[PDB]
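Visitor: One letter stands for each residue in the lines below.
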Amino acid sequence: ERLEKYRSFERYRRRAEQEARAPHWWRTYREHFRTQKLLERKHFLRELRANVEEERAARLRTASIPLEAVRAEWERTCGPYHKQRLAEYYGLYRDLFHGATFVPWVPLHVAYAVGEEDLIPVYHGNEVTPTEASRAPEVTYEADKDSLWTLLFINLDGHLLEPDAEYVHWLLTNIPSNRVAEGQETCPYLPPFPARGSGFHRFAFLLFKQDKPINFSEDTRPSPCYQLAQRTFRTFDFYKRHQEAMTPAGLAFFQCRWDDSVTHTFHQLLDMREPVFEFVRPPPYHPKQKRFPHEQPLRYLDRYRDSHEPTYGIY
Amino acid sequence: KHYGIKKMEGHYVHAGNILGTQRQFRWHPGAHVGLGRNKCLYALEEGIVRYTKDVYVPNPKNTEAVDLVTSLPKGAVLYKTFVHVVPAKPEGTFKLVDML
Amino acid sequence: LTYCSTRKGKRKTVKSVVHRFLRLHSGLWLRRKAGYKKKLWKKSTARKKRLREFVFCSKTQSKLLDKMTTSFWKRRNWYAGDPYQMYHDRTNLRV
Amino acid sequence: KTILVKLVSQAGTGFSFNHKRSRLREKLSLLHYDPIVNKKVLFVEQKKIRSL
RNA sequence: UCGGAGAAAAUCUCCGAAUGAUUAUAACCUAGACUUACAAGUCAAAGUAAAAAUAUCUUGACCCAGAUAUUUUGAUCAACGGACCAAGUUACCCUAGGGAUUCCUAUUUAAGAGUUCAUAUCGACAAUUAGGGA
RNA sequence: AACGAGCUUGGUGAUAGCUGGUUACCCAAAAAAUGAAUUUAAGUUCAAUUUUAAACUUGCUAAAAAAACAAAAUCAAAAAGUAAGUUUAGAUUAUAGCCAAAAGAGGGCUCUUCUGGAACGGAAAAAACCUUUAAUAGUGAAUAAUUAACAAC
Ligand SMILES: [Mg+2]
Ligand SMILES: [Mg+2]
Ligand SMILES: [Mg+2]
Ligand SMILES: [Mg+2]
Ligand SMILES: [Mg+2]
Ligand SMILES: [Mg+2]
Ligand SMILES: [Mg+2]
Ligand SMILES: [Mg+2]
Ligand SMILES: [Mg+2]
Ligand SMILES: [Mg+2]
Ligand SMILES: [Mg+2]
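Line by line, the protein sequences give chains A, B, C and D. If you count by the UniProt record's numbering, then the first sequence holds residues 46 to 78, 99 to 380, one letter each, in order. Position 66 of the second sequence, counting from 1, maps to 114 under the UniProt record's numbering, and the rest follow consecutively. Position 32 of the third sequence, counting from 1, maps to 125 under the UniProt record's numbering, and the rest follow consecutively. Position 35 of the fourth sequence, counting from 1, maps to 48 under the UniProt record's numbering, and the rest follow consecutively.
FYI, nobody ran anything at the bench for these hints, they're computed from the structure. From the three backbone atoms N, C-alpha and C, an ideal C-beta is built for every residue, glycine too. Treat the hints with caution; some may be incorrect.
Unchecked claim - Under the rule of at most 30 Å between Cα atoms (straight-line distance), these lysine-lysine pairs were calculated in the DSBU-like manner:
(1) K126/C <-> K54/B
(2) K61/D <-> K142/C
(3) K87/B <-> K131/C
(4) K141/C <-> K353/A
(5) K142/C <-> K355/A
(6) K87/B <-> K126/C
Claimed, not checked - Now the stretches of chain C that chain A is said to cover, found in silico as 3 or more residues with beta-carbon under 8 Å:
(7) 142-148
(8) 173-181
When you get a sec, could you build the whole thing from the sequences and use the hints?
Guide: Put into structure tokens, the structure is as follows:
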């Protein structure tokens, strides 16, 4: 009686949600399964508050917000933190770098040109068909001059033969500053080739900060390389080699399904028969067959038969 | 009759199996556990049985539960016992059908 | 049961089994469920579905019915278009 | 007190199912699934089967 | 006969049901299980079909007779696993068997009786591991 | 010369869930009297137990933590001591115990559950208490339990 009462469902609901997150002695479901900037911000807020027209629109519930400006502000101010999560969510860190986490910093931008001025922005988690990505995309990340860099494209999930592998679609090296035409083309551009019926393959675009010019002779690939087998690659080993001069700073990843262009890639240049995959479930569980299925219906005998056609044995 | 726990914690349960029978809600359905007409609890996925306490939140519509829940001491909330089955297999796998 | 008949000296079938059960050549027996035609108005829909089914017999019940019928009811019958043609044999049975 | 009636489909099929009504309540009629027609149709009471 | 509550699962302590009204009318099919001598009785994913998910709350076999045009209905068979349909009586009796044939009293205590005075003769409360008599 | 209904022969080897009886040797294993239905409780059928053969693989004890109510019956990974267990096929008998000890429930007795017992030795005589792995020949030996015990200012 001393304590007050919630008197509202919402107040109880929020309290309950917090408690579940907190650890408990008893088993639970979760176990099993600077200052100047602040002053500047306040000044802008007062100016916005002072504006009668802004208040007039708000009280008329007609006001709106420009998404374009917020998006640019979000990328600069706090976007990388969100960008880190979507990399953690998709498991990029736990795959490429065996659980090591690198916060992206450079707001990297990628887009695939389609015929004319219709660019498909490659954000994080976007969906892009293989047909659109037939040709290499335009990369812009405002490296600034005197800024050595390196760019890498990787499919993460692929390498039909090897499970723990990841093909490199193309690696530009010694990229000096923003401009990318000056990069050394260690690997030419391959079109996306996600096999039919294999789900959503996730492709990522990662950029490393290049401290000093290093010749990646052991990484150079014979251009043109159409011997897919050679495209075998694993970032961890590559990064470890050059970890001294390579530090990641940018991310951009899309996921793509199979498409008719994939058939073209497998045949024309990969020069092999295209593999087809299908989602196969385990056979249903049946208790061991009994000689006398007491009290079981006539369907019982059908569960354990293999062939659906009659046999006649010795007859 | 013979109400009780048909499957004890830690047992490998197959889908459809019945875990417990009750005249009244001694346990509540948890994760991947279904509720029957007679209030019996059965496995919706093949897995391992797990019993765990958890906070209880009722549907907003029902007056009796919202009233009781609302008229609770601000400090803490009531709990209940739940039954869960931990799925032990992947849904399916991809295999090579043919090379064309 | 009649074990030795006065006229023919044989066992006799109990014609109450012949009119209630079907024997599959493998050794199984089928039956109906008692009450499946009775007071259907007060039976639940799930209950009625269970009643309509053809059901198997236990080992001891089958042993009894085998005693009560003669060999002629245990032979292999080659009926054209038989709806139990596929149920006269067991498949994938290790036991 | 109550009686067992036979609701008969008015869709032209012979499908019928038995229901209960109160001797005081008026003659019954309901929408019910007709398997032969595979549609919901009106079932109207035609005959009594027994007094239950 | 079955169900609900206590004893707490062996016999005891209590209430009810042989349904009732409401209704969205609640389909077909099919993994895995519960319960169980047999018999009967429970729960249910997936698929399909209707609609635009939902039935909510608190029980009797087989045979044999019916009714409609496949669909269905028949029990205070309540002795409730139910003989289609049968009561008294015997000391005139018989056979097969099984059995059997509170109040004393002795101890311990001692308020009160006995004019006075507990124990001359007795005697409340009690004490004896104390002896008998629908 | 035995009349509630004569006697004789036949039906007739009437029937009897009841009483009695049921004939050589040796080896081996071995329950119960729990549960269920029954004009059924002097019977029988099923489960359960036991048993014989066969197939192949885990069983018994113990079992943490953690769970279902709670300060031990379910359940029960790894181990460890050990050799059994599941399924298939065939099959009867049994379904009334007895006494001691322990906890309850009714109300001394009487129900229920848990443990043990069935000497040829000891307790006097002693089915049920204690000592005792089977059963053999020996004019060997070490041992177990073992009705006996030592008024008090
Ligand atoms: Mg059964
Ligand atoms: Mg469904
Ligand atoms: Mg009777
Ligand atoms: Mg009875
Ligand atoms: Mg007289
Ligand atoms: Mg005789
Ligand atoms: Mg008898
Ligand atoms: Mg017993
Ligand atoms: Mg019964
Ligand atoms: Mg009877
Ligand atoms: Mg073990």
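Visitor: Now, for every hint given, state plainly whether the structure supports it.
Guide: Here's how the hints hold up against the structure:
{"no.": "1", "hint": "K126/C <-> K54/B", "verdict": "holds (27 Å)"}
{"no.": "2", "hint": "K61/D <-> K142/C", "verdict": "holds (25 Å)"}
{"no.": "3", "hint": "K87/B <-> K131/C", "verdict": "holds (28 Å)"}
{"no.": "4", "hint": "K141/C <-> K353/A", "verdict": "holds (28 Å)"}
{"no.": "5", "hint": "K142/C <-> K355/A", "verdict": "holds (24 Å)"}
{"no.": "6", "hint": "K87/B <-> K126/C", "verdict": "holds (27 Å)"}
{"no.": "7", "hint": "142-148", "verdict": "holds (count 3)"}
{"no.": "8", "hint": "173-181", "verdict": "holds (count 3)"}
In the structure shown, no violation is registered for any of the earlier numbered hints.
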